[PDB]
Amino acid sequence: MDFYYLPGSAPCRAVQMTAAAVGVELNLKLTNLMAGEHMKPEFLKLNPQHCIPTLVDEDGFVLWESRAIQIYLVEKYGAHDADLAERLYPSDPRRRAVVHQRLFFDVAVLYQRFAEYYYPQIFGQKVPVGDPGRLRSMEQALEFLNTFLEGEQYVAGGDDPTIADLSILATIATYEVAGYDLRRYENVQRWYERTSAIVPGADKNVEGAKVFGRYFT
């Protein structure tokens, strides 16, 4: 199925790992925000929010917002292997709630603060590194994540990585290329290495993350 994306994009990488986890092959279509590919006719026609990534199902069904896509992929494509779906997206209300919680934490907090701190330094006007307030706020998000991982192998608990691990795995890999020292958070560091070593597509994650590093030189 059609996947409009960009390698350095964390959300896109999140979807890439998830697709690999469920055995779906994505028809990669590089949506270089050049010429305003997202503000383009055909595209805006699919996603009026012109945000990336954007998925177009066989029936032309259009979906964007990585995390929503991740769930979609599992529910519609991973479910053939009930053991898998349950591993990546636990059906128990309590377990799933924690997964959802982490997914929301990832968008609204973990990546949000990452961007709010770095985007001003790498884009637009390119600010001379830093804004202490945003740095602490960003580090606070890492402290949170570190706590979530206290005595846990995976971000949302459980015995196997979930959709949440992949999502946050994408975000955190971006933190690394950004040059932040994750060693400063034992659990995150530990989880990162470990998870990156057993997850499907971890390779495209790291590779795409590296691409994003292009901005941090």
Second form
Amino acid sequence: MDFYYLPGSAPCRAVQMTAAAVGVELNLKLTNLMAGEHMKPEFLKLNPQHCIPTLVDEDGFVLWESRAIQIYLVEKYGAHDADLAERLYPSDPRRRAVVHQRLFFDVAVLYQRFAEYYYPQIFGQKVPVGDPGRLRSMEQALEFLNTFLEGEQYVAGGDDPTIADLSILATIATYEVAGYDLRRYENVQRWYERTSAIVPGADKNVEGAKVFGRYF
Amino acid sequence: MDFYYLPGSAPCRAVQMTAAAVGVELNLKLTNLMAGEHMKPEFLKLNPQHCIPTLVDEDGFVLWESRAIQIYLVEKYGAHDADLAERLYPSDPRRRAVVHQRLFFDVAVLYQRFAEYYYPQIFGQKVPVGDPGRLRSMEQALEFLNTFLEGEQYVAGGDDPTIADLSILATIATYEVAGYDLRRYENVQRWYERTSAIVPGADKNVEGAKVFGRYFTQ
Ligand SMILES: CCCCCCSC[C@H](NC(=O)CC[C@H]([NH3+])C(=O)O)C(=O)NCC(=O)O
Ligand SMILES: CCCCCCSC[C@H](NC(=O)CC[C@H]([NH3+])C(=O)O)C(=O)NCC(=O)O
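For comparison with the form deposited without S-hexylglutathione, please write out the form deposited with S-hexylglutathione bound.
Now the full complex is given, and it begins with the chain already shown.
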């Protein structure tokens, strides 16, 4: 299973943690976006959206969007351990719906607002000071997550980390290395430190996040 | 099942089409965002993220994010018709993964880039011209969609529309009412007209998108 990735990339790290969780060994194919590797035909042919992470399975099926890959890894490759699949991706429609909402929250709100605030400062033009409005918006997302975590060990509830935790862990590790004071959000910090301690492959998460940290 | 919504809202319309597809009646509850109705304490208690659509089921279970609601509607309320659920949301992990990718594409790329380009023009400050970079990015998303649809009837493949078609249909109807010329993207236009002519709730989608046009009278 080929895995087109960068360690700094949060969505890549989310897949790496999920692959570790289900015992899938990824064949790592470092894909240098700064060089322009993702715009080479061999990547474009596989993925016309030219984005990482991209997974290519045993049969040549190509998949992207980290959170879609996460689900695929559990459904297909995690299936063999039924209690494991149920922990990572509970099948009850209500429980699963919360997992889904947290995944969409991560892509569309939590990580999105992180990117809109920080990317202008660290990429492209590299603006000295972040936008006050984009900052308030990002803080609102952290406040949402803090609220989700009130009286809850994990982001989507349950007694074990789900793929939503793994996704949001990749995101929040990126906040940390960006130098955002996560201790302002008590539930987020508590969840972050505890889940990082227990989730397999969280090492790669912190290590890769440190790579992203080099932009700051 | 209570449905906190506005007809103009694309994600609300995606839920409307999905509920129609699975034969679920929504108790419609207009929620005026400009009026701060989503910020009332009782609403925040149901949904601290204060966003629409919000669905409250028969047991008081509260759910938001339209695409999570779409999946929930199929699994809990559509699945009694096994064939119908399989069409809307195929269970084979490979086939389902493409459906999931398209749903995530819709929220994070297609609709997101629509919002980033048009919202500054229609909300708050109301800038007389859209940002060129944001326009290029939005066109790129339409280009991606057009490519997905090359030689295919539906967004995630298959012989029938899925929940991904319904979600992206709500988004593209919003492109249309914004005045974007979709004939620039032949596969998108072809798919849009065809799917609008066949799916349940397409009436709600077009009527609601027309309402969103209230922001684009200039
Ligand atoms: C090492 C730090 C560099 C910044 C890392 C950002 S992640 C790279 C980016 N990937 C994505 O935005 C994928 C997002 C998608 N929502 C997912 O979760 O997979 C990309 O391939 N962008 C290129 C493109 O889309 O063309
Ligand atoms: C402000 C209106 C913009 C025009 C209509 C956009 S849809 C309304 C908007 N809805 C959402 O943020 C939900 C998006 C979510 N991704 C989904 O698909 O459900 C909202 O409730 N926004 C208010 C909020 O989140 O506080």
